[PDB]
Amino acid sequence: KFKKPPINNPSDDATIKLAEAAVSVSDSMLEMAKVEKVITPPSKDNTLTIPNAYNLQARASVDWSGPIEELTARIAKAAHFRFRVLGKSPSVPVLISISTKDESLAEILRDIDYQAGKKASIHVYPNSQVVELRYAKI
Amino acid sequence: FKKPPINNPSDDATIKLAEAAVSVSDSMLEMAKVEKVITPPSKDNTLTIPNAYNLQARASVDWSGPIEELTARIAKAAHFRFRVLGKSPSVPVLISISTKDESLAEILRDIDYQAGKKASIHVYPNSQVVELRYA
Amino acid sequence: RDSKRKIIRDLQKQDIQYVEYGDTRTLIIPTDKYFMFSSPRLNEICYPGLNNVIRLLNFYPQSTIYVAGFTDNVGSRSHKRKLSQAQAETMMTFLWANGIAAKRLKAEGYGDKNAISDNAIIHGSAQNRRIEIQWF
Amino acid sequence: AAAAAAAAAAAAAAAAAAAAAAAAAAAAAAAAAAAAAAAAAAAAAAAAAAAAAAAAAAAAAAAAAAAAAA
Amino acid sequence: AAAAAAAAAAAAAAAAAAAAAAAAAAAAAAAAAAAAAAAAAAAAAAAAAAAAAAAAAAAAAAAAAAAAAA
Amino acid sequence: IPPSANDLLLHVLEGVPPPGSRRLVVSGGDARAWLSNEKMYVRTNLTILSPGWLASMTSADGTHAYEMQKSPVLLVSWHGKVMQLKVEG
Amino acid sequence: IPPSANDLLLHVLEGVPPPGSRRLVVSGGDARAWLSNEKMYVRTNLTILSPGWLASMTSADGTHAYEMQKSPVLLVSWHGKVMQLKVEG
Amino acid sequence: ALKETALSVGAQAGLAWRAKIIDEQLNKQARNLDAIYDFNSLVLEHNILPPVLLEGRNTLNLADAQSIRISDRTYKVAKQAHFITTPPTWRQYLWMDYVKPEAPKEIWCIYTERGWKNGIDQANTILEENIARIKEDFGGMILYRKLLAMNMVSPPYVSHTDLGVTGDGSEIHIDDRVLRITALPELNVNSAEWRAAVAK
Amino acid sequence: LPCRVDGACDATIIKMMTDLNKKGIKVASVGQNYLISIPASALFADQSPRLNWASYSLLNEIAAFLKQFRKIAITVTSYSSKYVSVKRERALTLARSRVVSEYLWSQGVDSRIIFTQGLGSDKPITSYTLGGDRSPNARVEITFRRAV
Amino acid sequence: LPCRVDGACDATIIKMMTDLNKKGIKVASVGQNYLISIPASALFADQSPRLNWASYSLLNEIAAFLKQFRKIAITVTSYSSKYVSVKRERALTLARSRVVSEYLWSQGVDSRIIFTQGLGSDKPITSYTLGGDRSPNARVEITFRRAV
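Chains C, F, S, P, D, X, Z, R, L and H supply the protein sequences, listed in that same order.
Mapping of the first sequence onto the working numbering: position 117 corresponds to residue 117, and the numbering continues sequentially without gaps.
Mapping of the second sequence onto the working numbering: position 128 corresponds to residue 128, and the numbering continues sequentially without gaps.
Mapping of the third sequence onto the working numbering: position 135 corresponds to residue 135, and the numbering continues sequentially without gaps.
Mapping of the fourth sequence onto the working numbering: position 1 corresponds to residue 1, and the numbering continues sequentially without gaps.
Mapping of the fifth sequence onto the working numbering: position 67 corresponds to residue 67, and the numbering continues sequentially without gaps.
Mapping of the sixth sequence onto the working numbering: position 6 corresponds to residue 6, and the numbering continues sequentially without gaps.
Mapping of the seventh sequence onto the working numbering: position 27 corresponds to residue 27, and the numbering continues sequentially without gaps.
Mapping of the eighth sequence onto the working numbering: position 1 corresponds to residue 1, and the numbering continues sequentially without gaps.
Mapping of the ninth sequence onto the working numbering: position 56 corresponds to residue 56, and the numbering continues sequentially without gaps.
Mapping of the tenth sequence onto the working numbering: position 14 corresponds to residue 14, and the numbering continues sequentially without gaps.
Read the hints as simulated data drawn from the structure, not as lab findings.
The beta-carbon is built from N, C-alpha and C at its ideal position, and this holds for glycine as well.
Hints may be right or wrong, so weigh each one.
[As the list claims (entries may be wrong)] One-sided and incomplete, this derived list gives chain R residues near chain Z with beta-carbon spacing under 8 Å:
(1) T5
(2) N61
(3) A63
(4) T74
(5) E129
[As the list claims (entries may be wrong)] List of simulated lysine-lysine pairs, DSS-like, C-alpha gap at most 25 Å:
(6) Z:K81 / H:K67
(7) S:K82 / C:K3
(8) R:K3 / R:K76
(9) F:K36 / C:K118
(10) F:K36 / C:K37
(11) R:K3 / R:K100
Only chain C is shown next, with the shape it has when bound in the complex:
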């Protein structure tokens, strides 16, 4: 009896060609993320503007595709942080889409802050208990 190791499920043609598109968009993607991170070096993180806290070190798992403020209100509510916006929200929604599993609340808010690049910013003030979202200036 002869057998190769991975005897998986039966796939179909749709996810076959979706996968072989998805890897070409994955490495065209990888190639220019390499390009941009070498053509300007990122000097700074955002952990200096979102620092962690004890009772921010709770974990969460989240899939999400809606606007930013209802999510970050839910994060700060379960962080026991008072949540404040600064700046009026634009008429187009700034839409994030977090799909992650088991990150800490501080790195979730950093992922939010990154995915809302130049449209919003998350700031955490941990000697107080304040999570802020500031919208952009435009």
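Let chain C serve as the given structure and place chains F, S, P, D, X, Z, R, L and H on it in line with the hints.
Relative to chain C, chains F, S, P, D, X, Z, R, L and H alone:
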């Protein structure tokens, strides 16, 4: 006893699709690390909380319009004097606060923020005066 | 029924390859069904493959153990290397924690740099995602 | 088809059929690498049959007369 | 419907049906949050079917030809 | 110089239809849609994501009003869930 | 002065057909062919040898796109093997 | 002839069935495709949808017997950058259309199976072009962000003419900002300020 | 057509709710805040962040009960009695809750967030402090609000 | 019509693969890398670059097994145990592999390249070094990758 995950990639194409998904959304994340300019909180140049007991009262305001008139009455609701330094331009500096409950120094922080670069706010709390400054 | 031919016949049944090769003996374990997804968490529901592979390598109690991890073409080369290294390293800790002495073992991760199939096709890349277990 | 290894598990596009042991020798799609070396067409390897003609001869689209098919 | 808790007491609009113990899982109105994720329409997620045509093909209102429904 | 918005978005920011409309039934979500003249207008508090709108307003309570072309499906976010709404007309 | 290439070879360097085309089915090899206006365009990664093409591009991953006249058979090299591909239309 | 209309009965039923199967096969991978085709965090600073650039390397045109033109790379701006309100999903590009066809011996049965696989692989080619179109459009935006780093294109230059309170007494708009795109994203030919993708 | 039931029935909701209360997993039902309270004896080993193998069946009708509701954020929080210190205790209960939420989003929830956290007996439901994981204080609780 | 089978069937592939493993020619099947390992006792005379006449039947189902796959480059490499020197040994194994690849492209392969080489016990699969061509180290190996 056990179960696998329900929408698990348990299929030889969907594993390739989903490892592409983790690599694309990771590659998004270092996209956002490189182009996300922030500024450090040492140099954020917005107003802090001026922590005066009159300025930690408990308000409600719904408004859009010109900045000098809220700051006037946020001062005379704070029992603070209001000074203006500078010249208001022909187009007014416009702003909207629509909150049915947030704090007073915290209105002041948002109106420094939504002013931005056309104007800014200082609070001097020993003298109990807020000032609006133009540029 | 407790022997070599029995346990290799049911590792054929729970789809792990074995090769006899002179002194070199190598198990090819699919990461896709023996790991939860893109993680170094072992697929805990597939414990009888893990008990049967450690039941197989009680039979060779003096051989040094090479364990190596493999991915396919997706992701950055750093992600390939650290994911293959993490999965090989946690299979190495599984064998150490199921009782092989730690200086027999060697965990090493290749970001598909040996590549037993092409990554251009689906089933071939499924065969590329694996753990090799070599010993003498 | 995929005989005696197991039954055919998937049908991998840009490949042959995938049996539930290994990769089979039976072609799954039309666009696999099937060893065509003998075509069967009028005016193949010149240009194709110029379809607008209605006469005795068969003219190719490269304006050769396919005298082996007229 | 609202089975075995009690019978259905009310039918709360902007919600599901309201059983006479708790809130049921059966949708009351058309405008509740029923998990549609698979539509069934010609030229959905482009614009709709431009109804004035009478030909073979089906043209969308965003001027795409719905070749999967022609 | 562009137009400002449509001022009839003030009416469909309330629940009232535009004058001389056709009602569109909306399934699978809390929205109301009317079709005035080859354009539909949606009163919702959900967030429409896929088919793109031409104009938008929002009331005091987070109700939005959207001017958009007629598309038979609307994709919204409800509370982070991607959701589908279906309109006839 | 000659024309540069056809700029529609950029489209058939992707998988997308030209606007207003006819699909051609391709047998015996990994290629896709469309016929725009008495010219076919082939997306492949094989190397077409016999019937001669008028224009060519190549993407980042070695996919080529060829403009050529309509010939019912294509001869390629696959990996040093001379190979035949057959098109209907 | 009856065999031919048996094939034509089988074709559209196979197309609609294959359309159904790949529609909930798409919907099973719905969050994964939002991760793949994430247009939402590819948009620009003033919610501008980026343009689709097309790369063609290593190009020949045989113009006639006397002359060819080769060029090494070709970049094309296709469907130029513009103000998007809400970003495109994958569902405008990938969702095939489901209608349920309600329109109905031995030769009928064998050619309705060959009609059924003809409908199946013809729906597969429709899906293949749908994936092709989303890979064109998305990788064109990725190719912008390469060339915007790599200084081969301009970024769009917006202009916000702020206006104060605006209108007559029957209608006011309070903070009236008109935003225009003045300069479109556009490949520069003055080529000395270009960049080059050297990494480590 | 639009769907009447959303993959759930109210008879099955109260059938699982009686069966979970018969096996001692207490389901509180206040408004739309739902609480299922699980003793840590009934899932884990004592003072460990490790599941027993039989307790995934208990997690099976926990997850099949969590099929039945439309929900936005489940929060899962764990706390036990004192063993060494509150720092070791809070590390234990954080690992405890994150392990059970890893299994719950391995299984089927239609939640958008699971928040997950652990506390150091900071909220104990009785003053009687018998022991380790056999204490009724030693428990995980899964609370959510059923959306619409 | 296009062809379904390419002059081969999977039942015949595994039939030859069982028969070659029964006659001791060990077929390893890793991914699409195929290895058939042939002891040099089973083909040649001892320390000689010369086939026995009966061993072309062994080469017959080797070549009829190599009918069945689409392949690009077969590499055939031979190595035996030490006889005089490594220089005489590498000349022996180079002549050994080039003789068996001359017979294999006399017979039917659809390979485009056969690379062929020999080594001087530089890669031995056991440490037990009994003798000459009766050693299990003394072997030729035919490895390729099955294309698509």
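To see whether the hints hold, each was checked on the structure:
1. For R:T5, the suggested interface contact is broken, since its CB lies about 21 Å from the closest CB of chain Z, more than 8 Å.
2. Among the interface hints, the one on R:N61 holds; its C-beta lies about 4 Å from the nearest C-beta in chain Z, closer than the 8 Å criterion.
3. Nearest Cβ of chain Z to the Cβ of R:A63: about 3 Å, under the 8 Å cut. The hint holds.
4. The interface hint given for R:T74 is met, as the beta carbon of that residue sits about 7 Å from the closest beta carbon of chain Z, less than 8 Å.
5. Proximity of R:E129 to chain Z holds as hinted, the smallest CB-CB distance being about 6 Å (cut-off 8 Å).
6. With a C-alpha separation of about 15 Å, the suggested pairing of Z:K81 with H:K67 holds against the 25 Å cut-off.
7. The suggested pairing of S:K82 with C:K3 is violated, with an alpha-carbon distance near 29 Å, which exceeds 25 Å.
8. At roughly 48 Å between alpha-carbon atoms, R:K3 and R:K76 are farther apart than 25 Å, so this suggested pair is violated.
9. For the suggested pair F:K36 and C:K118, the alpha carbons sit about 7 Å apart, so the restraint of at most 25 Å is met.
10. Taken as a hint, the F:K36 and C:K37 pair is honoured in the structure, with Cα atoms around 11 Å apart against an allowance of 25 Å.
11. A distance of roughly 23 Å separates the Cα atoms of R:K3 and R:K100; the hinted pair therefore holds under the 25 Å criterion.
In terms of the numbered hints stated before, the structure departs from hints 1, 7 and 8, listed from lowest to highest.
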